[PDB]
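**Q** With chain A held as given, fit chains B and C with the ligand onto it using these hints.
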Amino acid sequence: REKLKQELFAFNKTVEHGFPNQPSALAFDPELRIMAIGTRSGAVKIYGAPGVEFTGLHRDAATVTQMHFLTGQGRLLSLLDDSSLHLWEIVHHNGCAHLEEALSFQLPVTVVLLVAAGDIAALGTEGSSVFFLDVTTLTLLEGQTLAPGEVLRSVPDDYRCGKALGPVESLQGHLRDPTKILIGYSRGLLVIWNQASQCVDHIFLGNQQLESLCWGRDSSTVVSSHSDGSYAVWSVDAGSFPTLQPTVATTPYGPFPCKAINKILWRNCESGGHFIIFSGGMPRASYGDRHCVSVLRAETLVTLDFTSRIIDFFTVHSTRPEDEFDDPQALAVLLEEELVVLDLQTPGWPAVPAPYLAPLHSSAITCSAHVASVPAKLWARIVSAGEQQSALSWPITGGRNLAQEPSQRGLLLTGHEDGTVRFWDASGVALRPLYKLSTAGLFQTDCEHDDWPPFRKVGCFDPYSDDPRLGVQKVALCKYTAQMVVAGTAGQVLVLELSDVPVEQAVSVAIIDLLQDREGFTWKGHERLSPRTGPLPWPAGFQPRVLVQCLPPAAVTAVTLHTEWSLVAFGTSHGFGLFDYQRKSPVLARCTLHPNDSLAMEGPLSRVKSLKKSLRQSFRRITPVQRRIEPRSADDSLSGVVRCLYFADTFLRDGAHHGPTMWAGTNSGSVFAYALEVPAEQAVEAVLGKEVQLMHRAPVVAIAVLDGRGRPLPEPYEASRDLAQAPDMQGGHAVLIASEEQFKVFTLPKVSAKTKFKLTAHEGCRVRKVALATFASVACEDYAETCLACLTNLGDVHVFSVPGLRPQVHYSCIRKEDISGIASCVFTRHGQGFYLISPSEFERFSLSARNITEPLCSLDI
Amino acid sequence: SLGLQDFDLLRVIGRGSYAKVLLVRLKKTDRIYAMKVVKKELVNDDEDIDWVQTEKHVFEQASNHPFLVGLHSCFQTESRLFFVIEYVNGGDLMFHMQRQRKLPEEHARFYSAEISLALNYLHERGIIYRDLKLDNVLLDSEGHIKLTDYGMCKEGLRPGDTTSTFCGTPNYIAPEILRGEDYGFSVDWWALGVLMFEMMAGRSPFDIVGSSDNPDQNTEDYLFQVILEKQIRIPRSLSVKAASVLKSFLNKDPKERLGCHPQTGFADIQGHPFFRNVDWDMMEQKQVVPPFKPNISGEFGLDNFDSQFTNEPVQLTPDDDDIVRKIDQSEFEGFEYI
Amino acid sequence: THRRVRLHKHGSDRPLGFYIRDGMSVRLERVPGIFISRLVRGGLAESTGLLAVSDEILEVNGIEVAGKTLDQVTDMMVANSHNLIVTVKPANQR
Ligand SMILES: Nc1ncnc2c1ncn2[C@@H]1O[C@H](COP(=O)(O)OP(=O)(O)NP(=O)(O)O)[C@@H](O)[C@H]1O
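As you go down the protein sequences, you meet chains A, B and C in turn.
In this text, residue positions in the first sequence follow the numbering used here: the first is 414, and each later residue adds one.
In this text, residue positions in the second sequence follow the numbering used here: the first is 13, and each later residue adds one.
In this text, residue positions in the third sequence follow the numbering used here: the first is -12, and each later residue adds one.
Read the hints as simulated data drawn from the structure, not as lab findings.
Mixed in with the good hints there might be a few duds.
Here are the simulated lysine-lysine pairs, DSS-like style, with alpha carbons at most 27 Å apart [said to hold, decoys possible]:
#, chain 1, residue 1, chain 2, residue 2
1, B, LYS145, A, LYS937
2, A, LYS426, B, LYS253
3, B, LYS32, B, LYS305
4, A, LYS1229, B, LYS40
5, A, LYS937, A, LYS870
6, C, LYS55, A, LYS1171
7, B, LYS145, B, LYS114
8, A, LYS458, B, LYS242
9, B, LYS253, A, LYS1022
10, A, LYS937, B, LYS114
11, B, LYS145, B, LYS298
12, A, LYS1026, B, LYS32
13, C, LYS55, A, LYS1229
14, A, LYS672, B, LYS264
15, A, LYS1025, C, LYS55
16, B, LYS305, A, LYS676
17, A, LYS1171, C, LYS(-4)
18, C, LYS76, A, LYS1169
19, A, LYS1026, B, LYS242
20, B, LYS305, B, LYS253
21, A, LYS426, A, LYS1229
22, A, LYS1025, B, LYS264
23, B, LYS267, A, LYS672
24, B, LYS305, A, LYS1229
Only chain A is shown next, with the shape it has when bound in the complex:
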């Protein structure tokens, strides 16, 4: 080989896409104008501007909840559920600007805060004590420390007799002047304390359990919250030192039991009414379980009701000490499943759209599809449909994107439990949402569903499921003629035209019986959806040509189209069929179940399903466990599931005529090839070629026909795209079939093993997913050979060379553990792939040496 492979492929990861999993901490910096998010997985991501991202991940993968930025400086503090604290530092690596850890701190824990101009940090613990740190060098200053006995020495007359001061909490920073810290103790006691003179400047009394403190930029008044639904408002002056009773103390929702308030922010010093924003406080007896933030100004109070738990919130405002305005432009809130931002310029306070960090999960992701080299006419039609279906300002606008404009328009498109397809800009560093198609509009509903709290519902994330069988099982898209097929859980399959005009039409629906001649097993599972009859209004965008339905409403495990021929194939747990959309008659249907069965004709709950046992040191009692060993058999599993549906123009009958053909593939290892008679009064006819039956019965996962130049057959309508696509016809074709444990290729007029490879024999493995891809060389890209990439059940990716079936590389892409990540994969045709490392996020890998991506940013530190 002499290293010729290294021009073709090498393995990389790229940074993730979509909202972070298990969010936990937040920071914002008004002077760099950047935001950071901390997460229970130990991640520290940063989201400063469109196309800007960074990511730390600590040495120790512990949970976090505190983050602070040194405002205007290359550094951040992040606090762990552990005793530890450590400093993150951002550096302009010459291309690849990145975050890296500087220094570590320890004590023999609860909150931290920082000071501007008088550059100091302060920490608070679970004991009633406060400590000070110069952030320049991670240590406490041994003299600047504040024990409970010192702050107790001041004592008001009720507390003079008692020493039992509760936990330190809610350290709040300075307020224009450089040396004052505000301190809370959960008991209800509140102090303002001076660093430069080591003394109390004022006390504030309090009696109920505490959980917030706040400062106003002009210190005429301050606000605090209590863990009983109350909040204390206080004024400050040099004569107010004894602080006998609060100035404006209240609970905002009536005489009722009303939970707790966990944060307050104060924005009152602007022109107009008293902006106050707070989390919790809702009446527990009627509005207890739900997650909400209340915003008050003057007589206008609204509660913002969120579909997931609130982590933290911040307001867009200026830290310049010479400013006199609290300047609240926008409020941003981190929920457990979304980040929302809302602008307060106009009454009713509009939500603001997000350029990044989208909630991909908002209905659960059921499938991944990808298309590459997309036509500019189609892309313009898709974004025109997107913008047609869909002050306005984005505040988080710090650093700058240095990456290139897309030279390869890749689209990743995804199906969701809601019966919706979403389109995403897969090109370059990050996704953007293009468009959203709802299939759900076709089907009738089988089932169906200010006040005292001033409620308005906000966030795109939905915690409810519409129907279990609207969900999209497979998607495929035909770039060259703007047609898409989508397939669902109740045997529905839609083919849709892209038509960038609003119009009203009635679909044609067909139903096909897989067991038509075969005797009826009794389907007691999912009852079929009923399409709404008569004409329906449709949006400019994808609109359904026709609907097809399967007799048993099983999950459509496979679908494909060959648009030149005008065919679609669809395949279920029980059988497959062909349909021509040009003349509406079905071409064929076939059942491929064994003549008796177990995992079929049943409801969603059943006694028979036995779950294959774990081998971990978790998940079992403390230590041997049994697994059996056995040759596969004709009824060992759900053996009638259809995995492949493939179209090819190939010599199957005889070597003279290049006839158009379709290939099914099944869990049984049965490969029904069919010949087709396309017309140009008459309709397509189909007849069985050679059934190929595998020697080991392992499920077929992919079928690809190699044209006699060793190049796969092209994509369907590619005769509109190139000369170079035109296949060989003079040399006889071979068919490649991938089973779950070995690959074979065969010569189509006489099926004989040209080449074979057995992975699992040499090392314990199985193949989950297969796709064929091309590898243009990093230089002299004229050398652009083809390979199949296979995803192992251990999460490894292996690349095999066609037709030779030799393993080129052996790479550890995904872990053994994340089976839902392995099951989510799609491959781009250029040796790149997407997988779901969380239901919230896609991670991306590249194994082509030419197609690669890196972080590439700069910032005015």
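**A** Quick look at chains B and C with the ligand alone, frame taken from chain A:
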């Protein structure tokens, strides 16, 4: 004395994990009862003799509650280990879910409240039931629930203490078990939340997810990651009160869950809106009216059980052929009698 | 090692006659091992007689098992299932 010859074996009514349930009749007193058979050769581990011995202790502690089942006779003949127990006339709740598919909220509220009283009785006495399951729940002829396999329970739990053994059916294991935490009776309230969803929706919330089919989907390595890491979503058709019960039991953090507070937990279950309709005193009594009354066909309601069981042959399985050299013939004594 | 055992194609309905387990083995050099465990009745492994419930498997089809999991070795034997060879350690059966 008690032994296999007196009871005549009518039909198999349930095949379980490690046990066979037969409907059995007497002539000396004319009555009919269920009888559950365990295989003494199967329970050969030190852990097996412990779980089958402790199963007797749960019947010993469960001496009377209306929503449990009482040990009426016990015997250990010929490599088999027999518990004779109240015959349930109405089948298990799983078969009722196959026939009905979906329960309206008026039906589902009744069953979850009765199962809450049964669960609380074990917890309060010192038992964690550990394996609540849609087929462990049973119906009387009048439709009142019984909760009925006591094999995996934690015996002797002091109020506010915990356990560490990995246990229970995979669709219903609670997150704190899979993490490797020490756990209290919060796990039984998790399993009630799952079962309430299965009644109201007709599908597991922790189903094999609605993506298209793959192998390594029917593995517990997949399901355990689905229950740990994935969000859970309520059908938007459910009443808001029903959604709130499911969410509140479904909380992944045991401290957050409805009913999991170490003192006031059941009073929250009484006070929650969905439950606020129902009278807990009248619900322990005869006096509440169940919404559905199961079958009166056949000689004894044999039709209620699965075709897999209600067409099975009647013998104990024919013999211990060669196994007869290996078998135990005395060790399980002392938990032979009531 | 003592012997490598041919387990034949059945040519017929009869299964291969095994269940296998994880565990540990030692010389003080304690290490994981994969074991035979149940010679199931009427399966073709019982026709060979040199197998036992006691025995560790050291190689499958001449490939060393040493790094593999039990889930990987049942994969290495659900396929690879028409022409088995298995290599076993103890000569003394003690
Ligand atoms: N008293 C009873 N009356 C009627 N049916 C019963 C009775 N007890 C058990 N069954 C049925 O028998 C099945 C299995 O019995 P069970 O006592 O639960 O065995 P098991 O092995 O412990 N089952 P499992 O909980 O799945 O492990 C149940 O699901 C019911 O359908």
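**Q** Taking the hints in turn, state whether each one holds.
**A** Tested hints:
Distance hint between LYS145 (chain B) and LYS937 (chain A) is fulfilled; the C-alpha atoms sit about 22 Å from each other, no more than 27 Å. Distance hint between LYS426 (chain A) and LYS253 (chain B) is unfulfilled; the C-alpha atoms sit about 45 Å from each other, more than 27 Å. For the hint pairing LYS32 (chain B) with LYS305 (chain B), the CA-to-CA distance comes to about 26 Å; that is within 27 Å, so the pair holds. Taking the CA atoms of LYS1229 (chain A) and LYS40 (chain B), the gap is near 61 Å; set against the 27 Å cutoff, the hint is violated.
Distance hint between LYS937 (chain A) and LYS870 (chain A) is unfulfilled; the C-alpha atoms sit about 39 Å from each other, more than 27 Å. A distance of roughly 17 Å separates the Cα atoms of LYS55 (chain C) and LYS1171 (chain A); the hinted pair therefore holds under the 27 Å criterion. Our distance criterion of 27 Å between C-alpha atoms is met by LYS145 (chain B) and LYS114 (chain B), whose separation comes to about 17 Å. Only pairs whose Cα atoms come within 27 Å are accepted, and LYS458 (chain A) paired with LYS242 (chain B) is accepted, the gap being roughly 21 Å.
Among the hinted pairs, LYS253 (chain B) with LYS1022 (chain A) is inconsistent with the structure: their alpha-carbon atoms are about 32 Å apart, more than 27 Å. For the proposed pair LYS937 (chain A) and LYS114 (chain B), the alpha carbon gap of about 13 Å is at most 27 Å, so the pair holds. Only pairs whose Cα atoms come within 27 Å are accepted, and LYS145 (chain B) paired with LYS298 (chain B) is accepted, the gap being roughly 25 Å. Restraint check for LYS1026 (chain A) and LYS32 (chain B): satisfied, since their Cα atoms lie roughly 23 Å apart, inside the 27 Å limit.
A C-alpha spacing of about 13 Å is found between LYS55 (chain C) and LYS1229 (chain A), which places the hinted pair at or below 27 Å, so the restraint holds. About 21 Å separates the Cα atoms of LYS672 (chain A) and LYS264 (chain B), which keeps this hinted pair within 27 Å; it holds. Restraint check: the Cα-Cα separation between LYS1025 (chain A) and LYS55 (chain C) comes to about 18 Å, which is no more than 27 Å; the hinted pair holds. For the hint linking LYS305 (chain B) to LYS676 (chain A), the alpha-carbon distance of about 53 Å lies beyond 27 Å, and the restraint is violated.
A hinted pair counts as satisfied when its Cα atoms are at most 27 Å apart, and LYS1171 (chain A) with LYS(-4) (chain C) qualifies at roughly 19 Å. Of the pairs offered as hints, the one joining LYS76 (chain C) and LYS1169 (chain A) is violated, with about 33 Å between alpha carbons and a cut-off of 27 Å exceeded. A C-alpha spacing of about 20 Å is found between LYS1026 (chain A) and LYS242 (chain B), which places the hinted pair at or below 27 Å, so the restraint holds. For the suggested pair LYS305 (chain B) and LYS253 (chain B), the alpha carbons sit about 26 Å apart, so the restraint of at most 27 Å is met.
With a C-alpha separation of about 17 Å, the suggested pair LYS426 (chain A) and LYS1229 (chain A) falls inside the 27 Å cut-off, and the hint holds. The suggested pairing of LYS1025 (chain A) with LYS264 (chain B) holds, with an alpha-carbon distance near 24 Å, which does not exceed 27 Å. The hinted pair formed by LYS267 (chain B) and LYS672 (chain A) meets the criterion: a straight-line CA distance of about 16 Å does not exceed 27 Å. This hinted pair does not check out: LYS305 (chain B) and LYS1229 (chain A) have alpha carbons roughly 49 Å apart, beyond 27 Å.
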